[PDB]
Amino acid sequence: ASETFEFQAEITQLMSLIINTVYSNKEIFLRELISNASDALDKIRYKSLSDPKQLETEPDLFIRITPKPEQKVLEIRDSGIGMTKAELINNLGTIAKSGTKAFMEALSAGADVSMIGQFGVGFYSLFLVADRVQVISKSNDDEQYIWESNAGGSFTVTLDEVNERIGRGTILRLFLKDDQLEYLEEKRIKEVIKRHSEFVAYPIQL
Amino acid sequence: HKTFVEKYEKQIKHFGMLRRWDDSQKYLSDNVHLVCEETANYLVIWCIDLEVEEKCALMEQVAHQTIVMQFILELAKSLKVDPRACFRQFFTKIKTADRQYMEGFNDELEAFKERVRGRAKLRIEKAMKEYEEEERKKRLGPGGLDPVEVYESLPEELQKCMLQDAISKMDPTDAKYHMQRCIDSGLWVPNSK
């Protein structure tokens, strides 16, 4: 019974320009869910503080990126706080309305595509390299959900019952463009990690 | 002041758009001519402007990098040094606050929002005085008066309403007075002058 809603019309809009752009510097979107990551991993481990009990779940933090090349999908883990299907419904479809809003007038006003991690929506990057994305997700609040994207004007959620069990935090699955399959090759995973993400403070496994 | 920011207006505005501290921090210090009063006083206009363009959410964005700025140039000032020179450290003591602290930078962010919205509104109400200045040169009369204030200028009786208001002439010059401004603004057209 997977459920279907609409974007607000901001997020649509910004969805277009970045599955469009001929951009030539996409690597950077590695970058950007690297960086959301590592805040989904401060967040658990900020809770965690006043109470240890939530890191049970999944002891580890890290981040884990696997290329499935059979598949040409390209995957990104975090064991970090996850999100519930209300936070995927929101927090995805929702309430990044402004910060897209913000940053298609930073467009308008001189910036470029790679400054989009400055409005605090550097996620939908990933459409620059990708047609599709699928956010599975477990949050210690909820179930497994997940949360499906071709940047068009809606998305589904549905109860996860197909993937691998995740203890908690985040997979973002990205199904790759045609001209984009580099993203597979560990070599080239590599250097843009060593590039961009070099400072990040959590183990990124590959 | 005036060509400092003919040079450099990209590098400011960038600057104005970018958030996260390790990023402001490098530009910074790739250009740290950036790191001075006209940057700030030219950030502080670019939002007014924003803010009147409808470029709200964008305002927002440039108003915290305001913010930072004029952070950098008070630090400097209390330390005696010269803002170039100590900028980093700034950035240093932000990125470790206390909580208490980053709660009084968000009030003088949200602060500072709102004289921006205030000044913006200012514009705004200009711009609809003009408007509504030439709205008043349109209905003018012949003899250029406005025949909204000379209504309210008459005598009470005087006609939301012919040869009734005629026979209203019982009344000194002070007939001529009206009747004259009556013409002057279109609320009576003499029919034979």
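Rigid core: the largest C-alpha set superposing within 1.5 Å between the two forms. Residue numbers count along the first chain shown, from 1. What changes on going to the form solved without the partner chain:
- Among the candidates 135, 130, 83, 96, the CA atom that moves 2 angstroms or more between these two forms after core superposition belongs to 96 alone.
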Second form
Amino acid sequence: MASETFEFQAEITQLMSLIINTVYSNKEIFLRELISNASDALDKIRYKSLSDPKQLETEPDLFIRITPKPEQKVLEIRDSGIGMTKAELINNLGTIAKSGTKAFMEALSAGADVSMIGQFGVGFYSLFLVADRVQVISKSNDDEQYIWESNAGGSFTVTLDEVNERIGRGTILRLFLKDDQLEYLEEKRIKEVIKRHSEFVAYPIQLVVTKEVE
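After the form solved in complex with the partner chain, can we look at the form solved without the partner chain?
Next comes a single chain, given without company.
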């Protein structure tokens, strides 16, 4: 299955570079930002379903789920929200939906905390604090399942998904963690971070843990 390549809007490329290189101290803020986006995407399918209830049937359970995959050094953040079509992935994540972007970079230069990133509406990119690569796997009721992929470079790919588990509906952020950021694979560390900055999340936050039976 053939990938398509797209160019990032230039300011997004600049932002990713700022973020993936920054020695900023509180890298854990990425999880709050991603849970927040997850929650918003869920709000959206729930709101849409007020007038179109069958939109829920592709996945009636509304949840946020976090899945460490230690062997692959991967952390997945999944939700059963509204999801994104191919065109939404291209539009929302790369070729446009910007500044926010420029204004946040200006705030940064002036001394603003990276944690403000979500107030500028670009909190997604905070994932580069702990990951050097990301796959966004998404299924909207309106399209097939697709994979958007970026390594913080100036270009991203979008590929029809024939390799991942089917999601009924929603989105998975598959983070390929940096070698020094593997603590976010750890149950206790993950739990600690979640409890700290996400008390008023209306959806279940599920942690998937692998335990050896003895």
